[PDB]
Structures are given as C-alpha cells and as structure tokens.
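Below you will find the structure I want to go over with you.
With one protein chain withheld, the remaining protein chains of the complex are depicted in position.
All chains are identified by letter, namely A, B and C, in their written order; residue positions are counted from 1 within each chain.
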Amino acid sequence: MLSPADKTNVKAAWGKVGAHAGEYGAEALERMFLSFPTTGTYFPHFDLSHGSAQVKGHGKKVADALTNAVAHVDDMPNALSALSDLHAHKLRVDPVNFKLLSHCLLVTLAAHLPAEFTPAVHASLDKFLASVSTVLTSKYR
Amino acid sequence: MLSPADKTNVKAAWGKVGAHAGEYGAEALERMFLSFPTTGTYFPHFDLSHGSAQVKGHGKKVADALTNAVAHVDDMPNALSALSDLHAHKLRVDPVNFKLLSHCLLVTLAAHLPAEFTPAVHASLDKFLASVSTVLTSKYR
Amino acid sequence: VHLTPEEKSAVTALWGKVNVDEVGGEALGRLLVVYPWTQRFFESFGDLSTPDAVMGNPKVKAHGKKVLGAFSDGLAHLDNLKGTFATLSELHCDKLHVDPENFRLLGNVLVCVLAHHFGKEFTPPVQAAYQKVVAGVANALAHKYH
Partner (left out) sequence: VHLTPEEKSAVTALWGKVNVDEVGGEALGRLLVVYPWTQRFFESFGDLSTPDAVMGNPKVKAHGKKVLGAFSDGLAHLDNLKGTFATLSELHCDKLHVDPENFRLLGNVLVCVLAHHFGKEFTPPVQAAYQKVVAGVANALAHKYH
C-alpha cells in the first residue's frame, strides 16, 4: 500500500528516467541474467549475450509497462490486467523471480540517478516494485 | 483471492479440526522449531522443550486466530486488523517466516486429516494460509 | 547435508515403507494442482484442467514414478548427492530449462504427502530429517545450473 509520499517519490524518480527507461530496462535484465542465472530458464529462445537485440527490445517492453504503472499508480490492478493474465496463464514465471528483477531494477536506478536515489526514494521504489509484483502474480491461482 | 470453492474447502477441513485446533497449533509450532531453527530467534523468552506449556499456550493462541479468520472468511482484513498491527509494530517478524509456519500448519493437518486432505483441499488450505499471511504482513511498511 | 546418524536411520526406516510408485504420482499430481504454474512443463501430458484430471492422468502418474525413482536412488548416496544428481542437473538446466525453485516446491509437497500417508509416524523430528533431505536434493539438482 503506497502512501501519497511514495507515489510522489516514485513519479519524481521515474520522471528523471525519461528517454532512458528502455536502456535501464535492458541493463536491469542484463544484471539479472548474470547475477541470478536461474532466471535465464524463462528465456531459452533469446540470445542472452551482451547487447543482444532481444534483451534490448525486451528491456523496452518492461520499461514501458513500468511507466504505464507509474502513470496509473492509483489503478495498477486495472492498468496491468492484461499483463497479470499473460504471466498467470501463459508465461507462468515462478513468483520468486519477481523479487530478483525488482532488486536489479533498484541497482540500475541507483547507479544512474545518484542524486535522486535517497533512502526515502529507495524505500518508495522498493514498495512500488513489490506492488507491481503482487499485481502481476495475483491471478496465479 | 479465495473462490467459493476454496471457502467451502476451508470451512469443511477446519470444521473437522474442531476441538483439536489447539493441539494442532502447538504441533505446527514444534515442527517449525525442529525443521526451521532460525524461527526460534523470535522466542528467546520461551522454553522450546518438548511439551513446553508456553508452546502449548502459544499454539492455542495461533489456532484461535486461525479459527477466527475462518469464521470471517469474507472480511479477514478486518477480523485480523489487530493482529496485523501487533505483528507490524511490535513483533516485527520478518515476512519469510510466515511461509514457514504455513508449511508446518499444512503438514500437521495432513498428518491428522487423511480423509479430508485431498488435493483440492490441500490447494484451498495453502491459498488460505497465504491470505492470512498477507493480511498479517500488510502493515509492515 | 548435515544428517546426524540417528537422522539418517529415521529417514531410511520410513523410506522402507513407501510405495515409490504411488507416492510419486501423488507428489507430482499435487504439485500441478497446488502450484498450477508448474504445469508449464507438461503441456504434452494432456488434460490437467481439474484436480481429477491431473491426479488420474496416466502420464502424470508415470512421470511421478520416474522422478521418485531417481529420488530413491539419491537416498542411497546421501553422502554424494551432487555427484549422484549431476547429469540430471545438467539435463534440467540445459535441455528442460526447469527453474530450480520447482525442486523446492516439489520437496515441500513430498513432505505433505509423507505426512498424509504416515500420520502420527511422521513425528516432528522425522520431518526435520526429511526437510534436510529434500533441501539437499533440490540443491544437488540445481548445482549444475549456469
């Protein structure tokens, strides 16, 4: 449950991301694949090599969805219904993995938004990614 | 989210627990302490000896709370608010421990309800314990 | 693993009483029913639409028997699980692409199945020994992932 401060914190931080979200999407994945190699089991059809167009393209897709979620911070469940469906009924990624991508996205933002990555913003973003995670895994069973 | 099916399943299995809830709660704790010793760090003030009155006493308390969530299966967030607050604000039990107690509660029920512990009931009961856990951890941050 | 001798005996005594054929089918079916997401690997198994469809599917029962078969072997080399499971670990990773979290879910399901079957005989301390065992196998199975 995101507080008003949190929603603010999140909108500010993502606000700074701007035209780079896609690149940050890609970089988070790359960090995820190297750090938690088990996450690769969901992408056997991809080339996980550095700067792979597949990873790149996928980073964009993840970024855009995050953007959309920040924009509908108030109506997440609804803004991401289709994605919750896709993941629950088609992809079927085990829920433990959502914590792994979340962490990699923090790391990525930390490394690129030094001034903006304060302890309070760090707390908000974590809660945010947790909420996004919850929504995407809400129809699993 | 619990379906009508789930609710019937839960009321039915818990129905059978009846008057044994206390003893089953105590037993779930003991199994938890023996299998996942790190959970003991929250009970430094307890005698965790076999048949400790404290554990016995604590088992009733937990069982009473679960019985209470079954009784209010359509308003759990409210029926458990108090307990949600206690856990978030005073006890501050790390979230991963909930999944550990859940698991041991499932083990105990299985060991005592061979006839009712069907695949379908097992699934409903798991979803139920996950929901109770989600409630008790909702106010953590 | 860290199994006291008295833990290794209790594991072994009980295991003597298990019908690997039956327990195998039960554990695998219960997994597909409690954590439906795990069905992702078995779309060629057919109808897994309801609990009855899963539990009674001849392919699920057969597979379960295979899995528990391999697990029973693991119980005789409790000293070298990583060794024992090496080729299987490589296969689950490189060919099957099975996320190792699946192995921990299956372990927990197996413990419930053993509790279901043995009732009171599955004492707090026997479960503690089996918890150590299922964790070691899941670890062994994941050891070759890269």
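Throughout what follows, a residue touches a chain if its C-beta (ideal position, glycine included) is under 8 Å from a C-beta of that chain, and two chains touch if they have at least 3 such contacts.
A.B. asks: Consider the whole complex, including the chain that is not shown, and state which of B:4, B:18, B:44 or B:51 touches that chain.
C.D. replies: Going through B:4, B:18, B:44 or B:51 one by one, B:44 is the residue touching the chain not shown.
A.B. asks: Mind pulling the chain B residues that touch the left-out chain?
C.D. replies: 37-39, 41-42, 44, 88, 92-94, 96-97, 140-141
A.B. asks: Tell me, which residues in chain A touch the chain that this view leaves out?
C.D. replies: 27, 30-31, 34-36, 103, 106-108, 110-112, 114, 117-120, 122-123, 126
Please note the rule applied: only the chains that are shown with their structure count from here on.
A.B. asks: What residues in chain B touch two or more of the other chains?
C.D. replies: Residues 123 of chain B touch two or more partner chains.
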